[PDB]
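Peer 1: Whenever a hint applies, use it, and build me the whole structure from the sequences.
Chain by chain, the residues:
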Amino acid sequence: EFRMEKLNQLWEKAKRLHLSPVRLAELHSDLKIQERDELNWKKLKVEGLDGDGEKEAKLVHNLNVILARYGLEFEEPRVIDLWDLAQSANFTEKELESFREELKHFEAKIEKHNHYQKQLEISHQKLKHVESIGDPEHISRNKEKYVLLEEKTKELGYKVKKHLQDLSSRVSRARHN
Amino acid sequence: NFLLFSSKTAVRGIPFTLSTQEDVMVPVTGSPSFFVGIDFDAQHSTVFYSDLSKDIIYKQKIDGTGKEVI
Amino acid sequence: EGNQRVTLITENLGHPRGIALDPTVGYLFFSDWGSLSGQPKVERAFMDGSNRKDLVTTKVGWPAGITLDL
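These protein sequences, in sequence, are chains A, B and C. Just so we're aligned: the first sequence equals residues 56 to 127, 254 to 358 in the entry's author numbering. At position 60 of the second sequence (counting the first as 1) the number is 767 in the entry's author numbering, and the numbers step up by one without a gap. At position 10 of the third sequence (counting the first as 1) the number is 505 in the entry's author numbering, and the numbers step up by one without a gap.
Derived from the structure by calculation, the hints contain no laboratory data. A virtual CB, placed ideally from N, CA and C, is assigned to each residue, including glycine. Worth double-checking, as some hints may not be accurate.
Unchecked claim - A few chain C residues that face chain B, going by a derived Cβ cut-off under 8 Å, partial list only:
| # | residue |
| --- | --- |
| 1 | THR502 |
| 2 | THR505 |
| 3 | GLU506 |
| 4 | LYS554 |
What the hints assert, rightly or not - Calculated cross-link-like contacts (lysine to any residue; reagent style SDA-like; alpha-carbon spacing at most 20 Å):
| # | chain 1 | residue 1 | chain 2 | residue 2 |
| --- | --- | --- | --- | --- |
| 5 | B | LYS768 | C | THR502 |
| 6 | C | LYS548 | A | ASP347 |
| 7 | A | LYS113 | A | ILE88 |
| 8 | B | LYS715 | C | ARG500 |
| 9 | C | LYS554 | C | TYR522 |
| 10 | C | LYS548 | B | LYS774 |
| 11 | C | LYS548 | A | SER279 |
| 12 | B | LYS774 | C | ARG500 |
| 13 | A | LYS275 | C | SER545 |
| 14 | A | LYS275 | C | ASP543 |
| 15 | A | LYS275 | C | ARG547 |
Peer 2: Structure, rendered in structure tokens:
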């Protein structure tokens, strides 16, 4: 890389120190520039074309400083699916925002439906215990609850299914057009 | 930008987006007309077309005015 | 006096024939004796063309005219 004797010695240290490669690359650059200046300076020493010490000072100044610089949002699977598909539909931003609010209301509906199905299950557990007990008054009361709670739960079931069909069909239509 | 297309009935311009389907330029139409060729000059906001039924080449602005024979 | 042209409805329009509106409520009604989809219908929109609905669809046939009892 360098003709110069003592610049070859200095250049090895920077490899050993693993300095910043860009600064390391620039360190080669100015040393390759300096070696031309250094040989030029000495070329005057055999040519006797300097006696004022300029061509020594100018080069050692840079070298000495070089010694310093280098040391040298949804919850239900169905609404998530509908939102994911509706993202790729031909919806206007206004229709997209209205559709977002519609999925929020649909999500509230499905949460209500699953809450009442779980209530229909714990009322079924109470009904199983009562039927095993066999008390006619307990059976009559638990029926008055259960047989009407079933219809309330099922009416929500129909309404959630219809809303899901409408939303899914509208998204599928808005994906092809 | 919009999608310029030509047919026998008319020359029309529709948005590239499939949501907002309404035309964005006045549909060019003639009585015996049969349109084939189209191009545009967006600096003057004009469209060139050829009525193959008349054998005439026209130019017309986007807003529907300024029909002239080329 | 025929200024400020702008198109409201164009999608699916088939054969639009009848039209009526009630600016006091903001609905626009128009009839259509066969769409690009095939179905003839009477439909309702807002007066800006948005939020279209099949207002009548069964046994519609060839709806030719519309008026409103305001």
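Peer 1: Evaluate each hint against the coordinates.
Peer 2: Status of the hints after comparison with the structure:
1. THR502: Cβ of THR502/C sits 5 Å from chain B, so the hint holds.
2. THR505: Result: holds, 5 Å to nearest chain B Cβ.
3. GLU506: holds, 4 Å
4. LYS554: Not OK, violated: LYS554/C not within 8 Å of chain B, min 28 Å.
5. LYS768/B x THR502/C: holds, 17 Å
6. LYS548/C x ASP347/A: With Cα atoms ~15 Å apart, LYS548/C and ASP347/A stay inside 20 Å; holds.
7. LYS113/A x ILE88/A: holds, 13 Å
8. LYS715/B x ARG500/C: violated, 24 Å
9. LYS554/C x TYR522/C: violated, 23 Å
10. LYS548/C x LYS774/B: violated, 38 Å
11. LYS548/C x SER279/A: Since the Cα atoms of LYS548/C and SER279/A sit roughly 17 Å apart, the hinted pair holds (cutoff 20 Å).
12. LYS774/B x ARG500/C: Between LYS774/B and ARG500/C the Cα gap is close to 17 Å, so the pair holds against 20 Å.
13. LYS275/A x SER545/C: With Cα atoms ~11 Å apart, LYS275/A and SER545/C stay inside 20 Å; holds.
14. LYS275/A x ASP543/C: OK: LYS275/A and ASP543/C at ~15 Å, within 20 Å.
15. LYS275/A x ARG547/C: Distance of about 15 Å is within 20 Å: holds.
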